[PDB]
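Q: Just need the whole structure built from these sequences, with the hints factored in.
Chain residues, written in single-letter form:
Number of protein chains: 2
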Amino acid sequence: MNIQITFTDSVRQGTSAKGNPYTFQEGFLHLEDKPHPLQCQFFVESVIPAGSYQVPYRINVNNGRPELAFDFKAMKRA
Amino acid sequence: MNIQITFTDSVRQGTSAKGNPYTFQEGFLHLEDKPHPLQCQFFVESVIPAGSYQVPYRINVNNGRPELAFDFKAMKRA
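Residue numbers (full-length UniProt numbering), protein chains in the order written: chain A, 1 to 78; chain B, 1 to 78.
To be clear, the hints were calculated from the coordinates, so they are not data collected in a lab.
There could be a bad hint or two in this list.
Note that the list lumps identical chains together, so a pair holds whenever it fits in one copy or between two copies.
[To be verified] Straight-line C-alpha distance at most 30 angstroms; calculated DSS-like pairs for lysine-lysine:
hint	residue 1	residue 2
1	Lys18	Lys73
2	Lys34	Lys73
3	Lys18	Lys34
4	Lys76	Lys34
5	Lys18	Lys76
A: This is how it looks when you write it as structure tokens:
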């Protein structure tokens, strides 16, 4: 399972209410059921260079809630 | 895109801090990359009868965050 994600050079950096550091990066999402891409932000560890990628994702369950886990280690530049 | 979800008769009902009502139902998730199923809860509108289903999901973006949207209207009993 993978999806095309067009990243940008827009990265929101800052500290959370808990004093913890976070790095949110912007990126556009492409859905087979959507004609236009959606602007989304990702909680990346390292800044990703702007460009379209085919990221292999999986459905992980955290604290009992189903969430998406994107594998940036196996993403393919589109 | 679909995934096997084994629902149960465990539904957590209650009010949120905002006084709003919520209906959380239990269900087991099946991942191709996992040998055993994971216990997960869903924010359903109506109680679903315990049983394994093949639910067609999609990746929706809310408030700029990528999340899963399960289509219980097109799920197939497994």
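Q: If a hint holds in the structure, say so; if it does not, say that too.
A: Hint by hint, here is what the structure shows:
1. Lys18 x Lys73: within (29 angstroms within a copy, 40 angstroms between copies)
2. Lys34 x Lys73: both (26 angstroms within a copy, 19 angstroms between copies)
3. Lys18 x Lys34: neither (36 angstroms within a copy, 33 angstroms between copies)
4. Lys76 x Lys34: both (21 angstroms within a copy, 23 angstroms between copies)
5. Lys18 x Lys76: neither (35 angstroms within a copy, 43 angstroms between copies)
Of the numbered hints given earlier, the model fails hints 3, 5; all others are met.
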